[PDB]
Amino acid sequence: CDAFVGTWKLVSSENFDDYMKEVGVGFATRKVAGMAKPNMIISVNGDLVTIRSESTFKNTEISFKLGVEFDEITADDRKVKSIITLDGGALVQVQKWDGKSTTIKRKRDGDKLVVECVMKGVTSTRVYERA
């Protein structure tokens, strides 16, 4: 929502390759993804929130209503069911596929946007600043 709207550029990443390993992403896609460093663009229109990621490798885009489950195809090409809710001022996303699940939390920290992704006890943290 409002505090999230804008274009954000990646400043740092911790354990992202390890998170992708746990999600089962293959070596080549982990390599392209780790080189890509995508921007994040968030915008809101009525009750629909859009989150777009743009890079040379892949652009992704999801538009959703908070609290309504929807189909998402991830950058690493998983087809998942996602639900995003607003809790404690953070956007909390749960993605479920093949009996597995991962949580992606997007939260404000100071003037930054922090994305935390958790897959079975492995946590990755990516920090973004406004472009």
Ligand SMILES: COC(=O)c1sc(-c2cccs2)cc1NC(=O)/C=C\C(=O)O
Second form
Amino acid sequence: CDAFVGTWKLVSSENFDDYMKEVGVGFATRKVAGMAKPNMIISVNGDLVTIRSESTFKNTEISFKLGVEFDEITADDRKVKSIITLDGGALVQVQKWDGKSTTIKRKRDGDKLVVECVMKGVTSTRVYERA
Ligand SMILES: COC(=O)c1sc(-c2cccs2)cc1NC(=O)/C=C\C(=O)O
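Would you generate the structure of this protein in the form solved in complex with this ligand, following the form deposited without this ligand above?
Every component of the complex follows; first up is the chain already shown.
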């Protein structure tokens, strides 16, 4: 996942509130998520990949190996089982909890890192560029 390594800053967000509503995120948390201007910092050390999200409002970090299930507490405070794979050159994360699932796809497109979050056909698109 060398293509993904770096510090990325948010440049656009589309349909994020509706996505969060579909997942079940509370009103106040959606408000915070909507106004935050996060950086996404991706690094690799051998077979261990780390993805950090940082803003004045919230900091999250996951460290994982491709294709190995791990436990995660999400930014919106869900406890999920996550599996991340490299699928068509994209990093694809599936989160499962309470019999539900959502997919977060991170892809490289030109100079952009495009993040697509989908649940039950509701999709948010958040685009990042190098900081
Ligand atoms: C279902 O809930 C989510 O998808 C939440 S809550 C949240 C928060 C940030 C700060 C407080 S809560 C961020 C996200 N998600 C993305 O932020 C996912 C895409 C990204 O990395 O840009």
